[PDB]
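Asks: Turn these sequences into a full structure, and let the hints steer you where they fit.
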Amino acid sequence: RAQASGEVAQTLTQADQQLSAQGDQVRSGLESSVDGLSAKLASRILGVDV
Amino acid sequence: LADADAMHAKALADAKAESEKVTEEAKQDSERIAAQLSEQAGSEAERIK
Numbered sequence: 115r116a117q118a119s120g121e122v123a124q125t126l127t128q129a130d131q132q133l134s135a136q137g138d139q140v141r142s143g144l145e146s147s148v149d150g151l152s153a154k155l156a157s158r159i160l161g162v163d164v
Numbered sequence: 051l052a053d054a055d056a057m058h059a060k061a062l063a064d065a066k067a068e069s070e071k072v073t074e075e076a077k078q079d080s081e082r083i084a085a086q087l088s089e090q091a092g093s094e095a096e097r098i099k
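Which chain is which? The protein sequence lines are b and d, in order. Going by the authors' numbering, the first residue of the first sequence is number 115, and it counts up by one from there. Going by the authors' numbering, the first residue of the second sequence is number 51, and it counts up by one from there.
Note that these hints are calculated values from the structure, not bench results. Note that beta-carbon positions come from the ideal geometry of N, C-alpha and C, so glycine has one too. Treat the hints with care, as some may be off.
A short list of chain d residues far from chain b (calculated; beta carbon distances all over 12 angstroms) [stated by the list, open to error]:
{"id": "1", "residue": "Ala54"}
{"id": "2", "residue": "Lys66"}
{"id": "3", "residue": "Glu70"}
{"id": "4", "residue": "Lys77"}
{"id": "5", "residue": "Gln78"}
{"id": "6", "residue": "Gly92"}
{"id": "7", "residue": "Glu94"}
{"id": "8", "residue": "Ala95"}
{"id": "9", "residue": "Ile98"}
Facing chain d, according to a computed beta carbon distance under 10 angstroms, are these residues of chain b, among others [said to hold, decoys possible]:
{"id": "10", "residue": "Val122"}
{"id": "11", "residue": "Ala135"}
{"id": "12", "residue": "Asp149"}
Replies: The following block contains the structure:
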């Protein structure tokens with residue numbers, strides 16, 4: 115039990131670090147795609163091509 | 051008197067035999083309980099990870 119719990123905790127810490135790094139990495143391309151996403155959203159809430 | 055002495059010897063032999071039948075049962079048990087507790091340990095470890 116204790117090894118299972120220790121292994122789970124270690125992998126949880128490692129996964130937290132790795133996934134946090136991966137998320138902020140991908141947020142970079144997120145801020146690129148945001149421009150097009152917002153343009154198309156505007157062209158929807160307006161009902162005509164922006 | 052001779053019959054009682056022979057019966058006592060037979061009773062001691064039968065006590066040695068049940069000591070055998072206590073070892074045969076107890077070792078097999080201890081082994082089986084160890085097996086099921088190891089299986090339980092493995093199952094809970096697998097469940098937790």
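Asks: Against this structure, judge whether each hint is valid.
Replies: Taking the hints in turn, this is what the structure says about them:
Against chain b, the non-interface label of d:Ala54 holds: every CB pair exceeds 12 angstroms, the least being about 58 angstroms. With a minimum CB-CB distance of about 42 angstroms to chain b, d:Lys66 clears the 12 angstroms threshold, and the non-interface call stands. Non-interface status of d:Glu70 relative to chain b is upheld: no Cβ of that chain comes within 12 angstroms, the nearest being about 37 angstroms off. Listed as a non-interface residue, d:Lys77 keeps its Cβ farther than 12 angstroms from every Cβ of chain b; the least gap is roughly 27 angstroms.
Listed as a non-interface residue, d:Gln78 keeps its Cβ farther than 12 angstroms from every Cβ of chain b; the least gap is roughly 27 angstroms. The beta carbon of d:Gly92 sits about 10 angstroms from the closest Cβ of chain b, which is not more than 12 angstroms, so the claim that it is off the interface is violated. The Cβ of d:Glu94 does not lie farther than 12 angstroms from every Cβ of chain b; its closest approach is about 6 angstroms, which violates its non-interface assignment. For d:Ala95, the condition that its CB be more than 12 angstroms from all CB atoms of chain b is violated, with the nearest at approximately 4 angstroms.
In this structure d:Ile98 is not separated from chain b by more than 12 angstroms, as the shortest Cβ-Cβ distance comes to only about 4 angstroms. A hinted interface residue such as b:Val122 counts as satisfied when its beta carbon comes closer than 10 angstroms to some beta carbon of chain d; here the least separation is about 5 angstroms, so the hint holds. Given hint, b:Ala135 at the interface with chain d, is violated; its Cβ is 23 angstroms from that chain's nearest Cβ, farther than 10 angstroms. With a cut of 10 angstroms, the hint placing b:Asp149 at the interface with chain d is violated, because the nearest CB-to-CB distance is about 42 angstroms.
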